[PDB]
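Okay, so here's just one chain, in structure tokens, the form deposited without the partner chain.
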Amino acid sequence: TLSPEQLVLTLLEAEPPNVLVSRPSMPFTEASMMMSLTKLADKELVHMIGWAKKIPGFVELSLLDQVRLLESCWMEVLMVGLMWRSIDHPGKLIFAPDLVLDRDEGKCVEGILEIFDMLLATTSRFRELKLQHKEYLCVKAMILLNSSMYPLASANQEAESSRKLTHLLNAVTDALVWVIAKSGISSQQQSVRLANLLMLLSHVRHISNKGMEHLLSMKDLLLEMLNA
């Protein structure tokens, strides 16, 4: 039962180190673009487990829950960081400070331009809302905790997991409410802003689902990194 400022301060401190990758500097189509992307993701996934372990309450979940949450929201988590990095750069996807792809460079891979457009539009919604860093922190932690687990346990086991996850999501909501109240907008505007940010969660989920199907059409040590 800690405060919203504690929780947001732990989130800021848990932020992974920005992963530096460089363009291959020798333009490629499907081959090198994805190759660099795959190396970037893999570095980011190593830091994602370290960050997940610092989200308040996450390590008090069973390891079975921890593993399932991460297995279903890793791409959403990757995507929302890409969106935040690209927010102040209309038309480009800043995958890393030295790996900035423009919208039309997505024509090189197998139908990734419509996925890149989804990502740019979600990024524009964030820019339009003027998403603040602290709001972004709550939203990313909420993507991990509101993840769908699969496969499913019995209805009774699932309910126990849900109760717990719901208690942790409520602490993050309290912190986001608190972050929103510091802007001094009215009560009505504070609910609308809470709602605007939460509704983009369904868009991040949708893009992730597409991205995963898209990666899979072109193509287990979690615990080891988790218990360390």
Second form
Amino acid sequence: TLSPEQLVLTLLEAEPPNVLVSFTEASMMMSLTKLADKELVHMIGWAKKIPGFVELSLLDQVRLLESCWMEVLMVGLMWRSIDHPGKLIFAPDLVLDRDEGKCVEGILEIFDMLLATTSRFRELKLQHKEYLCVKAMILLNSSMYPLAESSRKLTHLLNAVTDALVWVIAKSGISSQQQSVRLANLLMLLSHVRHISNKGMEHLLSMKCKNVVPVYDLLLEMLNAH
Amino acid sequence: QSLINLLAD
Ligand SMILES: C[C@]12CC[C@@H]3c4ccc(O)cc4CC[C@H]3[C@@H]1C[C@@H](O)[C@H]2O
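Alt. form deposited with the partner chain bound, vs. the form deposited without the partner chain above:
Everything in the complex follows now, all chains and molecules, and the chain you saw is the first one.
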């Protein structure tokens, strides 16, 4: 096994490239879907750099990414947005004010949820090292969605990232009581992100089904899995 | 490229 410092540095270097996109209901959804597809390509590359991921069975790798992709997109959005109250920084040159959610049916509720969760991370003063850990924990199925060598390996990988998160928190020097509460709050926020993801995917599928936006390629493949 | 091709690439 790697040390926790070694694991966190591995997560840092795995970070994906940033993407650039390029309103009506159609044009906002077109931008957002084009963005997601671009990010998804890079997400797969990112997952492959997480220690142990490519040692899992191909089926587990597929099922993990199918399960978490929207959560991973969303936590990245929250991190990009953390220091800008009332704004969602989807990408450079796609910075949306809360009120621009009025452009798309049903999207404002989702924006408000994403902004509220971002605000909780801001209040917690989420650290760089914590962000890295929690994004990897999401991929490695800290939610425990039902998907033996591969399952045993996955448990080991998830435990390793959790250990690294505990280590990061321990470096803050706050009381053991406060360290435990912080970990609880972070895990409960990840559970909340899962719920927002479920809502977001339902909304995307609705926009597809109503022919508000076409969905192609990798995003289509990941959406079809839901 | 599809999910599988991206994973196997
Ligand atoms: C806004 C929304 C949730 C965040 C997604 C989202 C979250 C994070 C990103 O980096 C990119 C995206 C693009 C797609 C966004 C989704 C489109 C809508 O259907 C709705 O579900």
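Numbering follows the first chain given and starts at 1. Basically, rigid core = biggest C-alpha set you can superpose within 1.5 Å across the two forms.
Inset, instruction - Could you tell me whether the Cα atom of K53 shifts by at least 2 Å between the two forms after core superposition? - result: Superposed on the core, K53 moves its C-alpha less than 2 Å between the two forms.
Legend entry - Shift of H203 between the two forms at or above 2 Å (CA, core fit): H203 C-alpha, core-superposed: shift of less than 2 Å.
Inset, instruction - Taking the rigid core as the superposition reference, indicate whether the CA of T122 shifts 2 angstroms or more between the two forms. - result: Stays below the 2 Å threshold, so no.
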